[PDB]
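**Student:** In case you want the letters, here they are:
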Amino acid sequence: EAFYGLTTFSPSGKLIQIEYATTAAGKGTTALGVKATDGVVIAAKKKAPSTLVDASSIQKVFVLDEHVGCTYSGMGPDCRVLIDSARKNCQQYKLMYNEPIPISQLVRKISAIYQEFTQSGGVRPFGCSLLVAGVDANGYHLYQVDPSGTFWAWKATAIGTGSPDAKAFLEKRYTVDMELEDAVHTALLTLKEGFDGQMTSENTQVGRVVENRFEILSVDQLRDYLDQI
Amino acid sequence: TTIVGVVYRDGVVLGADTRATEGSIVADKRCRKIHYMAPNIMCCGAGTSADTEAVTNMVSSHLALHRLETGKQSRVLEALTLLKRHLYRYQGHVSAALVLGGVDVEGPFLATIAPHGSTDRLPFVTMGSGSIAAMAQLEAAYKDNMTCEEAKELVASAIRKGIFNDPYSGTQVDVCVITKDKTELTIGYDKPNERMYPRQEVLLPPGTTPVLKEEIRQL
Amino acid sequence: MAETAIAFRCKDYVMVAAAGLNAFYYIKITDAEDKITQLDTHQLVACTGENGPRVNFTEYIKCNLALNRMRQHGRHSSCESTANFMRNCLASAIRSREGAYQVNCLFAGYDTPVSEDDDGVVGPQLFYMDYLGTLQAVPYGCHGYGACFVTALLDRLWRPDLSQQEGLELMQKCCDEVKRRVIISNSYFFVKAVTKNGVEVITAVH
Amino acid sequence: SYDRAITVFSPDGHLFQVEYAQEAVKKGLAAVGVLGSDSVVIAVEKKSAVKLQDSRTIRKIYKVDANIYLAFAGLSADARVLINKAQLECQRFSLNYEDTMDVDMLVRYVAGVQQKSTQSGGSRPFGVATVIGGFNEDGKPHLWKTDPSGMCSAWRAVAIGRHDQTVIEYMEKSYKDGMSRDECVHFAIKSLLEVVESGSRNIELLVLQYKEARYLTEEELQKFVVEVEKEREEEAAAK
Amino acid sequence: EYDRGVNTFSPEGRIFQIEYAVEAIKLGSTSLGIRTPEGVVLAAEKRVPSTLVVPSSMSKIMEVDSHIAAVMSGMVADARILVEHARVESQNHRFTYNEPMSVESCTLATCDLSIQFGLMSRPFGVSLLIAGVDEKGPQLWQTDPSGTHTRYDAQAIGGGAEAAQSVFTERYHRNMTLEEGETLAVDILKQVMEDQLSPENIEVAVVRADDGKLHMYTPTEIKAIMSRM
Amino acid sequence: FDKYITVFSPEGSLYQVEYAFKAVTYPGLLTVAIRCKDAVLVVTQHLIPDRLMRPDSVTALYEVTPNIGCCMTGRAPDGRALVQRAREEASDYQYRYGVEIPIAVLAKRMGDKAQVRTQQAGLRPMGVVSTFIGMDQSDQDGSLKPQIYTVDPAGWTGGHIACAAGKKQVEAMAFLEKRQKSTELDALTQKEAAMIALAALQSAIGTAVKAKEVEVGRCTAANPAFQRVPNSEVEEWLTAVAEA
Amino acid sequence: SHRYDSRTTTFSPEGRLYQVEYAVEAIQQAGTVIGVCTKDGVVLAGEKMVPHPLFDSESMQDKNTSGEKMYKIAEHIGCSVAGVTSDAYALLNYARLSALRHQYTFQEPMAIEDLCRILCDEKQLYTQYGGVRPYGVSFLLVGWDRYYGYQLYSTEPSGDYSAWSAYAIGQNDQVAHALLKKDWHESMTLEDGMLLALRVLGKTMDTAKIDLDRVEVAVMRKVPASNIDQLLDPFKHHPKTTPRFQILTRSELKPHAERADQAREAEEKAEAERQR
Amino acid sequence: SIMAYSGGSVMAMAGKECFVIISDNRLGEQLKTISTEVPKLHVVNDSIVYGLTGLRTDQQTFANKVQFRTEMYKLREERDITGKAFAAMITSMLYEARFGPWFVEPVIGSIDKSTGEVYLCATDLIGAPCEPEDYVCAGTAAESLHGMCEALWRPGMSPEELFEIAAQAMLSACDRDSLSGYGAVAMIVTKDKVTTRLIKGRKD
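Chains as they are written, first to last, in the authors' numbering: chain P, 3 to 231; chain W, 30 to 248; chain Y, 1 to 206; chain R, 2 to 240; chain S, 107 to 224, 232 to 342; chain O, 6 to 249; chain Q, 2 to 277; chain X, 2 to 205.
Bear in mind the hints are in silico, worked out from the structure with no lab data behind them.
C-beta: ideal position from N, C-alpha, C; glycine also.
You may find that some hints are simply not true.
Unchecked claim - If we take Cβ atoms under 8 Å as the criterion, some of the chain X residues that face chain P in the derived model are:
1) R77
2) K85
3) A89
The task is simple: from the sequences and hints, build the whole structure.
**Tutor:** Below, the structure written as structure tokens:
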């Protein structure tokens, strides 16, 4: 009913209410992706408030459709709107073109919804950076999306709290050759830096694009990779 | 079309002819009438091929989206109820006559959705032109707690009635076993109608058909 | 069907001809109703239906083309364009509450180079259009009872290369064949040709 | 939709959001109209001959329909909405009534539209004063001015835009009722030169005659500018 | 400002935007009406901004129907929108009831538009003085921005409206000739308006009780009133 | 200006939503839910200071669908209203998909409803923490396995082995966390689990509670419908807490 | 909620839409883009964000339709943008639809003045109706049409578009205008317009050489049309030369950029001789 | 019949790493002919050719739509649409108007440029895809063309062989159809090159 825009321009030129929403997406727990030749891995730390919170009920990494998943930083409630939208865009695409949506198109449609919630009336921007990872005919993609609507493709990046120091550490480790089993190693080593307390199958969620599917690693498959690092 | 389901002890077996007609013509001899709804739910379709395909897809989609939201295998009741409510809203104008087989936690489930939005959850079913001929073979031979082998050989038998004893059904029997664990879609489980007389290759050598103009474009 | 339009396209002009007959049931009111409207300097449309849909369709086009020449600072749109606009409007109409504009058009024009940079068709363009929106580029077309008499008579005589002068002789035979052979008294014909120079009203032929 | 009230009265009875739209006109580029016996002259100032702006001719005096032209002053963006609304109205008119709509009618439309904006919830006013000229079908020439309030008046000669009052206070001294095509053009430029830069390359102008619109070439023009800037050296010698 | 809404009362019971729109009339041109039994008069200073203005254009007085004139004061723009509605109503009445609209009913139909503000942002900044002839005889009414339609025997609205009501209380008597009313109307405008009075500087227009028709007085005819004075 | 609408502060926090979490603390009611092996409890405080107030009428815990019980904590009336949204939601589901809404979805749909109020300006976030409890059929074997899901005014859905909401939710979580190190908490009998919940209720507020000053909700694998527990059976747990 | 309305779509006391004047200031923080309308084609040269080593290229099977700065709006209309990228995509997608909705109807390419007018009536709207911020994006459309040939058009948040022969938007648009004015002449080869556009880009962002990593270039020009297919529509005329918006690769840009390196070098040996 | 009004026939045919799609040239109203130079083929990209048959109005309308959708794909997606998608996009477009349909039967040929596998689709007017290995046909000559194509067509044929049986099929069917003929425009697509041929037939 309040149809007036919340996001406006300051006299400096900047859209203040997005700088603040980007400050909100820079606050939540660290999550990060690493593109290999033969796949990508996104991992995030689901640091639960207490030990009583069922770890399996928390989800920091989501399947958007068979062939693409995402993670996020910042406001989980908000993210769960971009995700539930995206999941629709991935079906509504399948239905029309009988084809898994290209990540490129999927991220542009997520990007468009971030944009709507800057311009449009009586809504604040979303307080979450996505980190979409998936596979199309055009190979493997990692993409960051921001509250601005701006989206970058990356070879590897991080979002959340440790993300200035995780992107410093990811730059040294990363080589172009890097294969998926050495990437998952490299991704988990990056979380391990900024982590306080030990990592476990209940403490992190790892999703990986491999072959032509995205899948979240079951707590067994994660324990195998956590026993090596 | 003639499509068939039976409940056997472990799960469901669906069956279909393959002949897709336009009027009194065979457009496609091998068309696949057993669509994927979900990993534990297949859905044969008779009636208007467009409507059967479109409804089936819209639901298979809806279920796949809902199977993320929950983090749970899609229940056959859910699939059924979406086909119902969709087909009812169109007063049967959407002329899709579906057999919806699957296996959830509750056990083997096999329905028909008639075009109007009627549902008959049953142990063995048929839809399409040849349904009546099939449902004869099914009523005669069906017994409870069949093995996967008996139940395929029956379904195949019941499709083969519709295939021969009806025109619109023909060619080969596709059969699909949905069990608790997996979904085996055997295409041409049975080819009764093989080739009678081998193709007499008429030889039209290049430069036969006279050509006024030509334009080649390289890539 | 009562009122015959004829058109044909040669090296360097389109000729168009349209019944003068204005009818109320079986009553000739007059033989002097110009049905060839002029949409531009270089484009005209032999429309032949009932007066209501004929006028309300040729006006709608003639306005929405004038409106485009305003918003496009005096730029004269191609024939391909207006033809495709006319048909897109006719087609839109068969799937609206209104129903089809019940008008059979022979749209004709002469694309001139609009500036230095124009690489497009120079020369004359004729398009046959059904009431449904069946657009089709043709050498010669017709609408009305007389159509099929002329259509065959043109097949016979029409060559692509005849003069402005052999086009008057031919268009007289096409008009005289509708007079001899159709009961409906299409007794006077408005004939207009499109050239490089514009639309000229041929008075010689009728 | 957002239909909060933007245009509202203040203690003193002012519509502030219209006073402020008129301030957007005063800052905009000056434009001038001159009615003669047989001819209307609308003459605008351009932002001035930058070496970059396309050598292909862009006209600051917009055609609304064959008979009717209009020059604006204020927000280019907004004016281009009025003109495309007017252009539309003139052909929405030709459809409903076989007639080509006359100037004094179209003005009262555009004015009506400029008013709607000063009384619509959601809209600010159009920051656009509009000098419409043109000829009726009958033969009579007409000149009009629409200011952003919505209020339209017809003039014998007029200015809008920067130093609009300085021009009108100059014009109503020297104007004469019956004027020829050449005296009108002479006078239009003469009046514009009161406020605009000494240069002849900024002034573009249009001469409407019955069924005959013609913009002056920068060759035709610089004859009349040399002829006038020598007459503003005769009026500088007297004082 | 935009601190107070539009539909807002003061501590002394008047809607603000109305109380304000009324102060917008006191700036506008002075306009007045004289209800004599022979017929009703309307006269208005045009207050032309310059010599150049074709005076016949910016008409302070407006035919609403054969038998009704309006004169306006304040925002001329807004008055066009009232008078345009009044015309359509006057003709809807003629269309429906094969008869002249009353003057009362035409003034009611002009305050059916002047109430609905919250569909429109603000009230009209205009006071109309509607005058005509029907079965009741010659009547003169005043609309405000408020919506308060008030039959008068003689009223002035606008700049020196308060200076002209001073003169009316002295000079006006119910049994006036149409000739005396014209003489009064122009006597007042001369004393009240800022410029020197000319035939082009004002418009006068009367509805005569006999024929029940509106005559707009040409400058020749207005000079005939300034003659006998 | 940051504070009175749902927009980000310079530090990226929606102040209205921090201020709804305060509206959960304000009434001074504390609820504790606890999953056991075969069942869920939700224990709520039920304080009626008026002698004239009918105890029966004032409830924290509503039924949402037969299989899913709520337990609202915060502005009672905002609670009341969410329960109505939750019922509307669970009936909408029942009709469109022809099965009972799985609690995990219900919670996650109410999560997205409460999010919408943190995004569209001029809606007040519901000053309340929904604590949905219910059995949820695991699709592996067919077993009914107990669940708790808290929504909070941010729109943050989460599952819980046990959980508290309200006045002393910090000190009641501190007590449950310290008693998670001793025992397994999902290998417990319904009786043992209750004694831990009703000891957390007791530890937190600082007083021994009566069987009248709490109402207790329940779902079991045996009886999956959401039951209120009778005050007889609660008194057998408060006597068994005072002993050990 | 009426209390907290910014009132975006209002005048200020001086008679200027503040939210627009600010959105303009938002475009002067963006990356510089230089358009140059020649007779052989048009050139856009754009200043990309300093490339972080981990930035990938979304492996798009078609290179020439989009890059960082330059986007194809339809076969015959390119564009570069400056300002809020998020908004540019919003409008770009609206512009794409508009230039095809024209083609759907009229079965010919849209004029450029036509798209530039549709795209800027969409931007004006947000300054007048709707109480939302205006789109904070300046376009730089380039296209070829039969009407006026190779055209370049600056756009603005306000709505006002103007055509230009060579223009700049972004970081040093005022500096670029001074340098373009001086070195632009009415007859100019595509290779001489490329040269200018990179020399002016090289001078604004204040490098010794044109850093290939930080500049994109786009080229609207006409090439021979190969895919005629004359037999499928016999009466339809297919022009010999069709326009084809190309974004230059890093290797395709190198010989053009090594010439703007050497035309900076030859002007710095002339500045060493003016002092002597 | 509304489909048979404007007339025409289209037929596509799969060989080894090539397909031949081939239309007639006629455009009618019922039995009366308008033009004999109206081939029904359109070319989406290098690797997709689709014929439309049925009411000409809708051939033209629904073509302009497909052109608007496959251009909007080529800009947004930044790649040429693949047979699979294109054919399923068309079924969606037709079925969007299940009630009030487009009187068009799209025959689609296509060929994956990498693999070299052929994809054919003969959608009915409400988007019922029929995707056979061999060949497809539609329009007024449809019965007659199935007869021809069934006899003449063998699996792994080479572009030249195929064209000669695609041409003999389209022609020998349009002899036995009032509402098709005036030759034929074939179009032989290979991974390599696209050969457009105008075939001489009867004038009937």
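**Student:** Now, for every hint given, state plainly whether the structure supports it.
**Tutor:** Hint-by-hint comparison with the structure:
For X:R77, the interface hint holds, the least distance from its beta-carbon to any beta-carbon of chain P being 7 Å, beneath 8 Å. Hint status for X:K85: holds, given a least beta-carbon distance of 6 Å to chain P, under 8 Å. The restraint placing X:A89 at the interface with chain P holds, with a minimum CB-CB distance near 3 Å, inside the 8 Å limit.
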